[PDB]
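So this first bit is one chain, no partners, the form solved without the partner chain, shown in structure tokens.
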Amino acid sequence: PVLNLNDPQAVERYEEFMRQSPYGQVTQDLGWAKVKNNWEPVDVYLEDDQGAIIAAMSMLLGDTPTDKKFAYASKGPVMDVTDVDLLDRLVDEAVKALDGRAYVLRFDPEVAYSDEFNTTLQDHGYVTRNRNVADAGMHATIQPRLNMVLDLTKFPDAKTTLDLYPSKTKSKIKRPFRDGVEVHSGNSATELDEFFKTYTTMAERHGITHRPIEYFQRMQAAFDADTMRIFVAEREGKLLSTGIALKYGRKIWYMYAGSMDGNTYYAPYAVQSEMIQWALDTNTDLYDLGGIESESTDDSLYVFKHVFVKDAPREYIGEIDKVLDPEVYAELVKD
């Protein structure tokens, strides 16, 4: 069925399912639609024989250069996507809800890539985008398929961040702190202003664009301090680096970062250490440092994230596309 966003009861049940599911994703939370306020939300779900929600998909519809919309369920749906027969049923609900307005319904769940799963999906009629598409560019997957994920369940007795690492790494993490770097965290306007300054500075330094502050303000309005937290690293009165982490489902996700120019005293390591400590303190299963371009030392993202994730990066199935308008799809989506 389709969720009536104006039905508080229905919304609460949908949210409860999302928040409690081991497959929950912040980008599938109804709060994500508030962040992506320029996209149209269309949410659907399936119920089991007891009438309880067993699967849900929060879609966001965006415009394209054609008469069709692009329907996207970021890191959704929320269910065991390998249960493809169940997935088909949920997608059928989504297709009904879209009512021919979209040329495609795409979802990129955080499930490991495998030839078997890839094949099963294709056998069910989905078009998958992973190893068959470009690594970067306008043809690449929206979300990086290679992600550096720290599995904290491998360290049941870990009390602090240092307990998860080899001595060489403990040294790297301790460095900023011994040099005076201090981290404070929260989700108020003050921390947001600190984040934004480092974020725009970082953007200007790398000659790249940055999202407007309103984007993050909507995020702050949508998520409480137990879900969204901004970590700010400073040294004796000087702002050095920041990071935004979102706690949801089985993980804490390092989503945004910023760092001032010049000497930052390895503040980014301090930020990571505190985000990981938050994951430990909350008994979270995973700490997701996000994507990398490649598992190579030539990738600055990899080198940095590899300090905190020694396991191989997780490689996801990529984009699973339910093609609705084949002609427009072929026009807008290519390898």
The other form holds:
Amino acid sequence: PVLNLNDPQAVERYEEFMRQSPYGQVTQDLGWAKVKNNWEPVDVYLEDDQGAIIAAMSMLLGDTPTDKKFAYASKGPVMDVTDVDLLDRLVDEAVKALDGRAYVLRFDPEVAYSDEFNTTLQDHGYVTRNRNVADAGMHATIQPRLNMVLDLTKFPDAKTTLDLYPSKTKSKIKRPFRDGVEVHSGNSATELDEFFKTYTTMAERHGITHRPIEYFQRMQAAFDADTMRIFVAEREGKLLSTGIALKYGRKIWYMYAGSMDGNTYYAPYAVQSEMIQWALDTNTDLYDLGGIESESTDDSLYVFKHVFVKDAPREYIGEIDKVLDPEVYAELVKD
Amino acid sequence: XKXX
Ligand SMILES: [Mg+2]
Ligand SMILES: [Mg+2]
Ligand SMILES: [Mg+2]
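Let's see the other form, the form deposited with the partner chain bound, since the form solved without the partner chain is already up.
What follows is the whole complex; the chain from before opens it.
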């Protein structure tokens, strides 16, 4: 069925399934539509015989240069997407709700790439985008497929961040604190203003764009301080670096960062350490530092993230595309 | 840049 976003009880029941699912993702929460408020939300779900939700897909619809919309369920759907006969059912409900308005329904779940799952999806009529489309550009994937995820369940007795690491990395993490870096965290307007200063400074220093502060305000209004937390590293009253992390489902995700110019006294390591400590303190299974371009020393995202994640990056299946208007799909989507 |  399709969710009526005007029925608060229905909305809460859907939120309850999403927040309690092992496959929950913050970008499938309904709060994510509030953040991406320039997209149109359409949300669907299936129930079991007892009428409980068993699977759900939050979509956002965006414009294209054609008469069709792009329908995107970011990191969904929420279920075991390897159960492809259940996924087909869920997707059929989604396609019904889109009602011919979109040219594709794309979803990019966090499930491991494998040849057999790739092949299964293709045999079920989906178009997949992964190893066949690797690169950076108008045609690469929306979410990075290679991600640095620390599995904290490998360290069931860890009490603090440093318990997870070899002595050479304990020294890396200890350094900013020894040098007077101190981290505070919260989700008020004051931490957001700190973040936004460091975020726009970094963006100016790299000659890149940044999202407007209203996006993060929307985020702060959609998520409370047990879901969304901004960590602000300073030294002797001087602002150095910040990061935003979202706790949802089985993971805390380091989603945004900023840093001042010049000497930052390894403050980013202090921010990671504290994010990690929040994952330990809440008994959260995974800490996700997000994407890399290649598992290579030449990749600076990889270099920094690999301090914290010594295991293999996770490689996900990529983009799964339920093609709805093939003519428009071919115009807009190339390898 | 993207993401998030
Ligand atoms: Mg258009
Ligand atoms: Mg714990
Ligand atoms: Mg590690």
